[PDB]
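Here's a solo chain for you in structure tokens, the form solved without (2S)-hexane-1,2-diol.
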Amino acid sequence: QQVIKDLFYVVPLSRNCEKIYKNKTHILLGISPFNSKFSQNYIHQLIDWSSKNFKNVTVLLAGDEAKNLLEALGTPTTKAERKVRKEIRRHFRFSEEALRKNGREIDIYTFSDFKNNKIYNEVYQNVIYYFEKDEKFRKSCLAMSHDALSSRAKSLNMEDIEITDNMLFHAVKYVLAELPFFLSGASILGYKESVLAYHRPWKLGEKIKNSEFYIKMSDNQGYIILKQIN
């Protein structure tokens, strides 16, 4: 189906991201938790299009710190942990169905699955270091945290809530834990190169690509925005 091959229009973060995308070596599909965009049908579209276009496909699901997003928006830890487990199981089920339909390996991980991986741990340590020591990087990470909480506030219908600093610093643990895959997902997983793919721009990535921090993306890592057009 040429409809499937053209399901998405790709917008690269940088010209280097475009080259990695055009090499079609590997795509990492970021599935955000507690986001109504990621229905069964949409996850199938992502994987169907990825399977026609890329040599290798991997799905990234949220790890343990997804509970922080709920704990910030008024969920006690017990309910938050159960809601995360349920959400990850559903994301896995839909992703596995579509990978299987395409004759693909069931290559699905959470960002918590790499605590014994030296690349993940060392990039994570770098992210934590500059979060503590570079106010500019810290501010950008806290803005990613604000974005994640604002979206779910609207999504769990709670837009009257003030987003406090304590909310931001609790939720930024999610941002810091996911960021190594934005920076170095190919090297963490073991592919020669990769693009992480998502449906929204990554403003911090634009700054990283503008050489604004000592935090850098790996040379073999790109980021693409997936749009759908008529």
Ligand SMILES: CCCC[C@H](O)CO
Given for the second form:
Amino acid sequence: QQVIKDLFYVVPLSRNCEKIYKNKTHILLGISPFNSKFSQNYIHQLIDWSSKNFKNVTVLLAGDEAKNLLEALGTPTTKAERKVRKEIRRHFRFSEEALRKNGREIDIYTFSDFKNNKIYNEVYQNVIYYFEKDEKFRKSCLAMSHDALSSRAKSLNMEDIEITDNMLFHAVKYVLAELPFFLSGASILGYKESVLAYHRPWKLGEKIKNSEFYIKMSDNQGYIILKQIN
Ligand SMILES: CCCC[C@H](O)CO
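Same protein, the form solved in complex with (2S)-hexane-1,2-diol this time rather than the form solved without (2S)-hexane-1,2-diol?
Everything in the complex follows now, all chains and molecules, and the chain you saw is the first one.
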């Protein structure tokens, strides 16, 4: 069915991302925790469309630092760790369903599943180094942290909360842990090239593609925005 093929309209981050997308080698589907967008139905739509378009499909779920997003919004570690385990199991279940429905390998990982992967660790070390040493990069990472906390303050119905620096620096551990997949997901996973796919623009990615940092995306890595249109 070709409503499936056209389920999404793709907006590439750069012309290189467009080339990688058109090669259709691999898509990495980013599933954000504690985000109402990722219902069972939407996860199925992502995977159905991906399965029709791409040679290889992988799903990326949140790793351990997802608890930091709750701990920063006033959640004690015990409750936060529980909510994470439950959210990740929900994402895995729905993703496994749709992959199996499409005859696809159950290729699902969290961003914590790569502590023994040299590419993930070296990119992560680069991210942490420039977070410490480049105030401009640090500022952009903290803005990603602010975005993550602000959207879940609305979602979890806590819109009255001041977002403090201590909140930002706690939640930015999540940002730093996920960033290696934005920068080098294809090489971490072992595909020739890949696009990470998400439904919102990546502002820091725009700056990276404008050559504003010593942090760079790998030449075989792209980013695409998935939009749905009538
Ligand atoms: C699993 C982390 C989610 C990644 C998405 O691109 C949103 O950050």
